[PDB]
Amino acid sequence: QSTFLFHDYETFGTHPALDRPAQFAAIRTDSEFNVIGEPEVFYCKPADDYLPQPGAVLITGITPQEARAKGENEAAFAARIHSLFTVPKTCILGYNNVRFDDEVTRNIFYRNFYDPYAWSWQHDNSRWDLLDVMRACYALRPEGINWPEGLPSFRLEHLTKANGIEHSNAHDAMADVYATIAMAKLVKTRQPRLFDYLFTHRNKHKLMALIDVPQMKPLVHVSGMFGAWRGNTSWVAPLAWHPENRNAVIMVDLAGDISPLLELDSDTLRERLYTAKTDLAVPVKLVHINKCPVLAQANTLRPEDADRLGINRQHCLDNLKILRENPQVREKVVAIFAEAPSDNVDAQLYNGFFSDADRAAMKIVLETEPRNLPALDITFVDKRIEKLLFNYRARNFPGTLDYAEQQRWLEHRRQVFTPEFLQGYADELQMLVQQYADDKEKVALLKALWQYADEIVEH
């Protein structure tokens, strides 16, 4: 039986790799979004070589102390998430999960020896993200839904309130999951046909049928990169598959001005594209077919819709004709992408993939009891594993370190908690206490954050 697994993370910071998760919540439903089973909610204990971003703690109201008292170590934390995510025929989804939550999942799995990718495709599993579904709905078929404005806001809280959906205790994983389910139900109800279209075209194979590179056939694309002033929508034309990533296609925004593509050379274009802020400026962008982007046949954007959004159909077709009569453009664009770090092992998930041999060895690591990890006599090819293993043991199984390893771990913490870092931390807390002296609830959270810094980082 196929099902949907709505989930959400509340973290101690903004970086998917460098910050740590605080709380996780997941809810399994059926094809109609009716809850099956019970809600899953648990916390993650923070390791002793990390301090939370104060701003994040003020948002969630979750202190390191609460998380430490209620949660499990990250290895156990990951174990549970991996179980929920590996149930067959599951569509793992959330709200803005493709751009944030999934990166957290990949890093948690990475740090704790689980495959960072398999969960999203094996056993007929797949993934989706309601954020872009809301944007496509607003841009193409607005009717039946109230949209917070002075431009369209797609923050979950705003959408729920604007549509009479009870969303109290926001920024609590559990509550956000319930609100996402509510939003999904709302859209499926008020815009059934668009909903199903987006759903059935989320997978790589159905997306592929829409992309016609040789002909440069136009498509409707919804991306936050286009900007709320255009409804995050435009007409794009695929120019070529990426030279080094066959899961990426180079698209040209037909609504922009293409002269830059005609006048400048590939070196210049590359400089401007590789350093610019991602906001549509060279009218070119990449679409990763494995990240469920919103793509639809051109006619989905009716003349009425174009006018409402401000998209000049004719202008787009004019550029389309030009691109077709100027083969040299396909050359320059592909040439641009024909050319593509940290010393912290936590930030090297994307340094490369692990060979089948290392995956096998890492699998044995997962079955080995912590006490025996040191005694384990396994070969590792990838240089990252050795470092990952040491952090894994020191962070989740401290009592397992020998005397010398404890000294090394102590040295490690000293190198993280440098004088400038502690001063910056105190400066921020000082600034926040001055700003929220009144709010008895916020001051309590700030007091806790300073106490926590005292015990984990002082002396």
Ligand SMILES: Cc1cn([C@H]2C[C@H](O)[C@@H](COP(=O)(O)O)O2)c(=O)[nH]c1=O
The other form holds:
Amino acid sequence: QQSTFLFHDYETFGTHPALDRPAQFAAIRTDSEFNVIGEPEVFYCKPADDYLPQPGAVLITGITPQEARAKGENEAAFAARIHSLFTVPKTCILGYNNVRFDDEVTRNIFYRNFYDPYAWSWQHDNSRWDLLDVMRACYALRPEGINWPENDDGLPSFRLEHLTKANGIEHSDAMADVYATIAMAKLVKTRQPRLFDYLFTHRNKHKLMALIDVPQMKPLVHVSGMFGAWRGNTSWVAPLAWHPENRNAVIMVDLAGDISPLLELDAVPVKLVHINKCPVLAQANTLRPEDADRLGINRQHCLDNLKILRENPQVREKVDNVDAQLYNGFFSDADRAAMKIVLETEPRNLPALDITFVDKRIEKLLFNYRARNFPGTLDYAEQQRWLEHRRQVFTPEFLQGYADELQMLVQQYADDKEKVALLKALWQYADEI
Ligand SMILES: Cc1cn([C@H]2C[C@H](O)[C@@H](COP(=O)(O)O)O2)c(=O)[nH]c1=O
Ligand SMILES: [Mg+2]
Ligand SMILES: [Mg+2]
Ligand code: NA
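The block above covers the form deposited without the named molecule; next, return the form solved in complex with the named molecule.
To see the whole picture, the full complex is given below, headed by that same chain.
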């Protein structure tokens, strides 16, 4: 009814958004002015017994598999709680690195648990945003008034913890990262008000499409992590064409690159810009001469490449584990309707549910869903199928490797008492599972 922001963040058991499992979700809702209006939403996800967490992830988060299992609900119920927060009308769902990471975790949790992986983002006036590329855009285009820390390599850092410390934001508990993300939003809104407004409005794919002039190859500023911190994640780009299959993807040339292989053949300075993924795009003059110089971006090289590309328009023409299979395709309307019945049927009425799916992923999705979330509902043949599944995960190579990694880390981090205790926990859990 009113426009709100839902700030959120996952802690996970590893960095693969499909093949690792979530540990904890944290979120809070604000009004359109970033005033907190909701209660903190913090909860855990019970990991199924076909999985061991990445030791490195647990050393970072401090959340053991024992803790998520004892404090969590099954992933079906975890997914339900997240889906009910995300689908409140007129919600902008945002975080810090959510476009690349947390949103991929969400898509995969929804996929595995019979929710639509995509609808949450856009239905009922919803949107997404991400403060990471907002911070990157400020550094590159409007750095005044913010402290920009360097990492140990002498490159600008966009780690949330570095930006908060550098700008006097308290950081810190479970909610610390979510509150830090709200503080970043307020920082940019205060210190770069017009840029903040511009970036917020341009989260919308139609505002982004208005910038794109393919016939003219109209140059734009693009701020992207792919460009690299050494050039402030920034270049001038030109649109060449739209993707043959992906409706949301435009094919850009990086004008700072070497266009020789693109001109001559039948590094390639070509990238996809996904207009549904909050890319930072603006008119060319948004990168001011002083900032182009600061970032080492060569205007004349970019313009020379642009001139060549415009004179050569032939360039436009030139350019298994079911858990890993989200992007194998969109489901049919019938299959989506069938999966909605799975979702909305009681888990006790699921064994008796006779329903047809055509997409070949759904049989395996359904078996995993029932065995992971509702193991008490499995019959004997299903129990034996699950035992085989666990065996095929816990291969001789995998189990040896896991033990080896723990034994290496406990020696490596011998003097870190908190890490030693976490490694003990990881061994204990692996021994059980
Ligand atoms: C920063 C970092 C995160 N992670 C995992 C655990 C975190 O819950 C998850 C998200 O962390 P982040 O949002 O700080 O990037 O990624 C690692 O496995 N290794 C790492 O070095
Ligand atoms: Mg995070
Ligand atoms: Mg954290
Ligand atoms: Na956290």
